[PDB]
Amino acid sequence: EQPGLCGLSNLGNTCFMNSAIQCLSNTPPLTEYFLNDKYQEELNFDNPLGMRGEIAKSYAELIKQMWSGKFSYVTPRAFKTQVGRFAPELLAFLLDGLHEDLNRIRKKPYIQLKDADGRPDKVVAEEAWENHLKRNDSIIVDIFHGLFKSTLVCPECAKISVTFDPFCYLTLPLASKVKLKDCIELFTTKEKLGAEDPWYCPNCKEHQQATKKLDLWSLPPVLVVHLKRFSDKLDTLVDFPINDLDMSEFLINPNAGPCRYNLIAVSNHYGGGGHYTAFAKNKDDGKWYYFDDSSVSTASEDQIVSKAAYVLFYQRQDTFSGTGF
């Protein structure tokens, strides 16, 4: 059996766990970290936010099984048990549980987050990233965490509150048929806050229908893009690129790099009788495969883009293992 071409049995419901595991399994820097045993020296056994390493260890054993080449499929049962103890969208919980089980910080310091105070974006963003790293420093931060900018303007006191905040994936609103760029553009478009989600202005201590505008500051080696289809489901066809997604026009950081991305995995959802599956590119032969619980089959790029596409995993070209741009 070819390593990585390994299915996952359906324990029973479990939402898109298998689909998510297949996307994470075919995230090369993450799988390489576990197969090379780099996680043992970084297991955090005394983290009040973690599982005493049990999520990272069960995930590591699962990954090792899937890339041993001994199995056509395996059961992710132990890993599911640990994830369910961590958390009574699943992807945020998976990345958070791995992160805290591997957090290189032993005791998180309390950090006061200053408002921009009219300082330049670069200063404020580097401060925010340094503070983040003072509390969160792991392989998960290294692969998946980026930084975005939030600008809130008070309709009452005109206070301009600017913050930079970490993300481990981007939830995109959906603009019939649309392109991915249109969804990102809409994600960065200034909206007014509704009465269903006001903002607490700290200057007059009232909740406000503030304007909110998001901007992208820095992008991770692996950019995970969640298309917001739930909250019934929007079946919009979102056209996205397989290769050469250029994010540079959306970044406001002038010191970001080339930021070109190639698709590596897609979580699909059908008929929400809802069911999730995955397309993923195998790191050893570079071909595309379709993962449906225990079933693995060959796929071609021309079926990847569909109304079913739900979560997209992109890897930045300059971070590719073994090739230098």
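In this text, rigid core is short for the largest set of C-alphas that superpose within 1.5 Å between two forms. Numbering follows the first chain given and starts at 1. First, how it differs from the form deposited with the partner chain bound.
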Second form
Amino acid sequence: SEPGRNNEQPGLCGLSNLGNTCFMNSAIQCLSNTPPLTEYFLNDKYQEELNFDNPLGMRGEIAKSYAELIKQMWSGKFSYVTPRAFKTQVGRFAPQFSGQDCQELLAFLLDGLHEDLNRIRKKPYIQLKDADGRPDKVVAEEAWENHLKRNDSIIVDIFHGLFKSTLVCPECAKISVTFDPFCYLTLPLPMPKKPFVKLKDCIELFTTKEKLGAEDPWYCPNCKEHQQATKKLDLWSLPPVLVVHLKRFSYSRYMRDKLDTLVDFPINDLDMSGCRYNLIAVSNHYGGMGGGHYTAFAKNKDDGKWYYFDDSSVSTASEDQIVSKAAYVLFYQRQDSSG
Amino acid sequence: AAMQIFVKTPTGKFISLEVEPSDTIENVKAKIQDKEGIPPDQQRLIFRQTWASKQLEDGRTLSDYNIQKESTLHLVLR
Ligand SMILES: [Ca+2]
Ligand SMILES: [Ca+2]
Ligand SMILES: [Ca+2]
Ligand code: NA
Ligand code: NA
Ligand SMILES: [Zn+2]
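Alongside the form solved without the partner chain that was just displayed, please also present the structure of the form deposited with the partner chain bound.
Up next: the whole complex, starting with the chain shown before.
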């Protein structure tokens, strides 16, 4: 009677390709299988928190249409749905995704869901500060409180962490320490390409002091100029769901290839800064002439099994298949306790 | 209240602007026009933060985006 309408297990629901929209379907499958987020929408907790006047929001329309899509995908009435209504809202508020990169769409959805659900209805303007010699715990706590005074949402709760940023001016040697929120991490891969690297090594690269490129200088207040400072990041506070983007497109564009390193990432028990994480979803990218193709692996919250989502098709998967060179964005969920 | 912010042009040049947190994005685009001659309808302003890359829209203020003294905005032609 209706293509796609079939009584199915909730969440085991594909997404039709609308014409080069697999970058979007792959992202949606990762977010759909982030259990604190999907449960928040299915239990209608979002209705009370929609923020229609947020000057940085999308009038609540991104959260509303995302919630309606999630409710379809988890209704049990579909083997796939066509996310036209959601795609229309995305194109309306982010026209760069019309006629792409899975990570950039993810960044936009995390931003748009946050503002559409931001509990702060009248945001104070806040002058942010650096450490000024105060202990790290004091400055981090102040930074998180300043963040929360303007940004308080289910997205902050689930996805937002903190790192410590140390910038050193090469000319006056001034050191500036700030604590800066994030909602995902982009990890570099070794250059030149290695055939195999553990995820922990890419995290180590991420927290390695690096001189800022001449294309991204940092204003030094002492020198009163933009300088190629070095920047050192330390992961300070990690969120319940950590989104880890592998920077595979590290080549200069004329090479027309990507870093196909086998990045070995844990299925279970990725340990970082005293936290233990388990994988819940992977966005894959396969190389191809027209920007390639995106798919996803995800663990279903209701049966604990892994599945493979290729646009409209959903199939069983095994975790032994998941670590491959196609892995591009990893979703990790913090374990409640350990040991 | 007055403060200095910077705009990085597509060339890589840093423009210096004198602003207040209450200034509108349209007014910021006008100040960019005054100095670079780029019409505001062609200006795309991005505020790159560690947790968001927000496109600045007409009808909001610098304050709406928590733009700080000596912040840098990226200007894209589009
Ligand atoms: Ca889980
Ligand atoms: Ca474990
Ligand atoms: Ca395993
Ligand atoms: Na840059
Ligand atoms: Na003016
Ligand atoms: Zn300096």
